[PDB]
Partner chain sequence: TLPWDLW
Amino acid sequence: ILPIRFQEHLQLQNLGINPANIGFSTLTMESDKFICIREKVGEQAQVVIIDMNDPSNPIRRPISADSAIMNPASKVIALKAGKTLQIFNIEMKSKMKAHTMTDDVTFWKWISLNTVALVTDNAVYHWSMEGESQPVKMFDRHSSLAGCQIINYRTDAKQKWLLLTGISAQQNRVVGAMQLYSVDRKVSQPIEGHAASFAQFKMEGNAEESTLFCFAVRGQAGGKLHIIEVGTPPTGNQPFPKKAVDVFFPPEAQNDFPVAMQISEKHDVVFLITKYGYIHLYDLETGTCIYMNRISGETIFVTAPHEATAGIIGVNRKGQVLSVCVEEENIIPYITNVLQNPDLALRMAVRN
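In the form deposited with the partner chain bound, let's see this chain only.
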């Protein structure tokens, strides 16, 4: 009995995709509904769309764009072709919206059903799908991210806390640099970190949910995971007590570091994935590490929440599509019996 269930859902090569095209620069998974691969045959570019409900029937079509990201739910796709961005309805075969930027967009992502986040060299913008609005600048980038490869952009549930992540390879290390912006205080904070996520968490006795910020880093102090409340507790709330635990990197994982995080709000657990393909499971309330193992021989370069199970799904460099979820019937028993932590297990039970 293990606290989690692992599973290979797909091998992309068996869906007809060339290994050259299975990578961060050409393959996106903005939700667990779709995977999008930008392929190039001769001098014709194509997008292959894989509906995760009907994997065996790919929508492979010729297109002129350097970058493609599927809406989290709708059959709507955004395409970047130079400095020109377009939002396209696939089933209507029609253009909804277009915009031409001044600066190149080096990174972009859907943060909701309606909004595309646009990252330039200098700034972050949010572009609304509905209406006529042009991209709106939210904040200017901080010097500490200059020259970084941008790997992620995250928001809390209310869109009041915004987080940009960049990394940089140096001789003896990968530097992690984050910028956390408060939409209400109108101020940013530079932070050293490699992977992060927000979560809603209900403390017992409180009037409202707390908004939590969780981030992992492999820095000067070794592997660390921090869980802190962001913002002012509402009337009726006590504050969440800051946690600070370890991320263990074995000796044989010398160059390893964190790359992805998703958080289960059904179970209040943190899923953490590293560059080498290890997963770690932590309790959100206490910061206790429940579990750790190696799930992939190759880098998992993109993840999303597995929404039906409150788990994590990802894609690796070999084209394996993998997921990890909580085993709902075994996690309490495993904490009680294998971990020998009846206090944590009661607390999880009790909070259920």
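Throughout, rigid core stands for the largest set of C-alpha atoms superposing within 1.5 Å between the two forms. Positions refer to the first chain, counted from 1. First, how it differs from the form deposited without the partner chain.
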Second form
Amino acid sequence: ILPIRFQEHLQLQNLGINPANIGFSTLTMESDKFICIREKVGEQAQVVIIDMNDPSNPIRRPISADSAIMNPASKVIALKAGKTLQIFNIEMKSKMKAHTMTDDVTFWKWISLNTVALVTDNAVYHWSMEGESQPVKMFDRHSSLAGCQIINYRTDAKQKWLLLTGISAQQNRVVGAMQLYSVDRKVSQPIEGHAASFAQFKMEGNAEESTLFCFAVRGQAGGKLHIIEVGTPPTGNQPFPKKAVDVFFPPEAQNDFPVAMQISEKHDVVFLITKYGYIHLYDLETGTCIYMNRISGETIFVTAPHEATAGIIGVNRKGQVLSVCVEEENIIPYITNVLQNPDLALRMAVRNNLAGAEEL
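Form deposited with the partner chain bound already given; the form deposited without the partner chain follows:
No partner chains or extra molecules come along with it, only the chain itself.
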């Protein structure tokens, strides 16, 4: 019995998707609702939009964009070509917003239901879709990311802690460089890391939630995962004790590294996916490693939260759309019996209201 439920939702090649377009620069998945793929048919570039609730009927539209990212919740698409940004409501056939930058956007992502983040060579911007807003600069990029491929950007729930992630090759390995920025302190901290996420977590005896920052890295020393509270605790809160644990890589995965993280706040569990398809689950509170296995033989290049199950969903280079979540009726007896860790089993059981710690 496994503490997780693993599924394949779709094979994109069965929808006529050319495997040459299944990759980081042409396939986007900003949430579990849509997958967008940029393709060429003849001379015409097009975007293929797969509604994950009706996947066998994709929508194709002509475009002349170098990047397409769908809103997390609605059929509203952001398109760019060099410095030109345009936002379209698809169903209304209408251009909601347009903006011309003065720098190319090397990476962009929806960070909420109504805000797009833009990364240029020099800085990170936020652009709200409300009213007549234009992009607002959040911070200047730190020199430690100079030359990196930018692979992710994310924030905490209140958008006070911002995290830009890049990778490059140093000494024949893929080295991650992160920039953690505090909006309130206007200070950046460079960190060696590969994949990360924020989470809200309410400690027992604390009246307010803590804001936690979790990151995984394969460093020179080995793989490590860290879970640390950012900011001053809310007034009246105990500080969250920081955690640091090993991230395991088997001998034959000598060039693997972490590429994705999502955190379930329903289960207080961290999902970590490596470049070469390994899945890890960690307890958010203690950092204890719950489970590792391999879910993909092909590299996984994009993930999102899987909202229905509070899991993680992703696409691999073959075009399999795969998800992993906590199997709620197995996770506790797995932890009790296979990990032989009643302490954790009991804690998770009462903390997240899961069955199975009636016998330990």
